[PDB]
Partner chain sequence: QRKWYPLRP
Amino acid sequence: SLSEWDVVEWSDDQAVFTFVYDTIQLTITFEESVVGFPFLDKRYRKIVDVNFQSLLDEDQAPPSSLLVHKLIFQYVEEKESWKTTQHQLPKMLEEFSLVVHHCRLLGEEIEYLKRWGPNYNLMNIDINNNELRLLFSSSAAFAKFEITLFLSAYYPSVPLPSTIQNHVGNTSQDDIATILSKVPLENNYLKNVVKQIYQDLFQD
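So, to be clear: I want the structure of only this chain, in the form deposited without the partner chain. Can you give it?
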């Protein structure tokens, strides 16, 4: 059948496997040439290296796509810093496909917010590495604040650290932490947090 990758390639000695998801590449190096059926086997095979490569032009890409690529980059980087036991191909690949899927979704949410954000009083979006900064502002509501959300490739399944810089009104860290907690850790998390913030703090 198929998987979430467009293409799988391997070396002539079959020790190095490349998996491609558009502009994203994951390279897996086995201790020795792979024999048998790596996805069906269930055979212990020693993996000595896992590498992320990116085909992305940082100069010709929306900051959102860059964020996406940076999150997967950092995800694979931190994964490899484990150096008694290692993950095995099928598992590695399942998790990775899911991570890529969800991070691409996230990029789309960012695009939605860049376009439609003023409808929720979201007047600025800034991305710095993995930090997403959202400025909410309304003279009418008498509320202005910027929350910093620290994202990860595990998005949206994990709770987000956050920080707030308050300017006008009474909005606090606690209020924001509360809102983040109420929204279900699943698809559209970010769009749903923005909506929650709008309803609670700007409709009110």
The other form holds:
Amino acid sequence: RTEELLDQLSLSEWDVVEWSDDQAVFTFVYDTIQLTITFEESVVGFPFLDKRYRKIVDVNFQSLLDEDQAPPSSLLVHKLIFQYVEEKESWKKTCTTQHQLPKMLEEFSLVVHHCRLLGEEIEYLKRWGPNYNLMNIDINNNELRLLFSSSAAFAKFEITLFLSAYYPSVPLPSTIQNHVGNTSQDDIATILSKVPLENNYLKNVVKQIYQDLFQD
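Having seen the form deposited without the partner chain, the form solved in complex with the partner chain:
All you get below is the one chain by itself.
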């Protein structure tokens, strides 16, 4: 974990799996995401062609995740990653020659890299969440539903966090459905804005809630 966190600084999100005359293929996320780059056809091999002028015919992203078998966290990861691909239109207008491909794989890797880690934080909160009084986690379409419950603190409420592809730098939007006690929106706004927009924002925001509210 400390070892790899260092690893994160220089990103390594993809495997090259074909480098044809015809196409270059790259996988991501344990290979559940597949990028096929198709090149224009030529009368010569690509060894004879200048990469600054080799035209890209196509850019085709694919999810190969088993949606029946996947857990919700993994599903949310794919939801968010491809929401970004949609926004960038598969880089079809800007990534047009082979020359431009590394800066695209970088741009994409970064979002793949944070979204995959968000997946990780969720599976974690799913196993240690009780210690934070986080009794349940519900994922529904870009919405993260956190249920905190403690008789002892006499508080029970549900916080809904709205996630995007751009995690975790963007400040999350939230709402609170209150069950027991009187935690207000302002109390939540506060706790959130005291956590920096960098890795583990979810984990840290949960721990922040568990101190501010369940450890008085």
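Positions refer to the first chain, counted from 1. For the two forms, the rigid core is made up of the largest set of C-alpha atoms that agree within 1.5 Å on superposition.
Rigid-core fit between the two forms: of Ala61, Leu55, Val35, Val158, the one residue whose Cα shifts 2 angstroms or more is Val35.
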